[PDB]
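Here the complex is missing one protein chain, while the rest keep their positions.
We call the chains A and B, going by the order they appear; numbering starts again at 1 in every chain.
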Amino acid sequence: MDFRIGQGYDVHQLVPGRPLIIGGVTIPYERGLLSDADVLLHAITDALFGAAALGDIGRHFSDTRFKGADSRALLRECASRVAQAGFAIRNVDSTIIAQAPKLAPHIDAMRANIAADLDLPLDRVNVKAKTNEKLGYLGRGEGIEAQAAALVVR
Amino acid sequence: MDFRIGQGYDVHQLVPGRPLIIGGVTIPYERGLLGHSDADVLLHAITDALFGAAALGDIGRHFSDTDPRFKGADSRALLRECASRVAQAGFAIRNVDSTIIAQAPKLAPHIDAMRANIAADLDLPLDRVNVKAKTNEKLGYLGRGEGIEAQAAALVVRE
Partner (left out) sequence: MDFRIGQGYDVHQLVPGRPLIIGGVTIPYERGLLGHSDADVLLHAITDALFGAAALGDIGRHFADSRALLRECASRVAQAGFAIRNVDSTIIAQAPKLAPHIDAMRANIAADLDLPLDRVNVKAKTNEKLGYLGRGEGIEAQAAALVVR
């Protein structure tokens, strides 16, 4: 019954000349995020480190071994370290905030990737999608934000 | 036992001509929130949190933005239906916490009413429901009064 909660936040700029990868899914778009800059996976990664009280993603996977590694590999490495700390992942919930493109047709693909990387049943992983209602830098489409929550148990 | 956590987020534009409804409370104000339904930013975030905890997807999947029945829909009715589907999935709600962010109007006089509405809708005692009011300290679009944001967290358990 030694439960712990963690929360995660990430945001990246939307720029031309980059692929758009969210939840490990390459989504056809005129711009991508400036890592593979996978905003969803980084937020989930941070939430997991947070729940296990192991610091944050920048400390574990800096700009100094993990060069060229995609965010799915970083998530798998995160999960491994959480497990070595003696914690089991119970569930993950998340929200992506993007004005465009449409993300709903890609939700299930994202869930399956995350579930596989965390060795979780599909019914313990959730991904939600929101616009920012044309408000702020998100609403003007300058970037994409992700929020995450994770529950673990020792 | 089988606990699950969920988180929710929502934001709506503030515009003339619309009623301002937050946490089911109609608040006297010259502007209101713009959306397909009554645009109740707080109830939508709580809703998303509850679907999220139960891994049922999100508010848009369950109550489509493109349906004339949900045009001007009572978000309290949406919250109650959400709660019903979470229960059908086999989950009991343990607690909800939430934040509302607005430059204006003052929301503190209405927090108790919001909490009561949420508690009733979810069939929870008052001490399992919390709503916190904030400003954005004059920063960004929220500081410029362009819209209102809500954040929510919910804990459930698979019965």
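Keep in mind that, in the parts below, contacts are C-beta pairs under 8 Å (C-beta built on N, C-alpha and C of every residue); 3 or more make two chains touch, one makes a residue touch a chain.
Visitor: Of B:101, B:102, B:114 or B:122, which residue touches the hidden chain?
Guide: From the options B:101, B:102, B:114 or B:122, the contact with the absent chain belongs to B:101.
Visitor: Applying the definition given at the start, please give the residues of subunit B touching the unseen chain.
Guide: The missing chain touches subunit B at positions 3, 5, 7, 94-95, 97-99, 101, 108, 111, 126-130, 132-134, 136-140, 151-155.
Visitor: Of the residues in subunit A, which ones touch the absent chain?
Guide: Residues in contact with the chain left out: 1-13, 34, 46-47, 49-51, 53-59, 136-137, 142-143, 149.
The rule is short, and it goes like this: only the chains that are shown with their structure count from here on.
Visitor: Centre to centre, by mean C-alpha position, how many angstrom separate subunit A and subunit B?
Guide: 24
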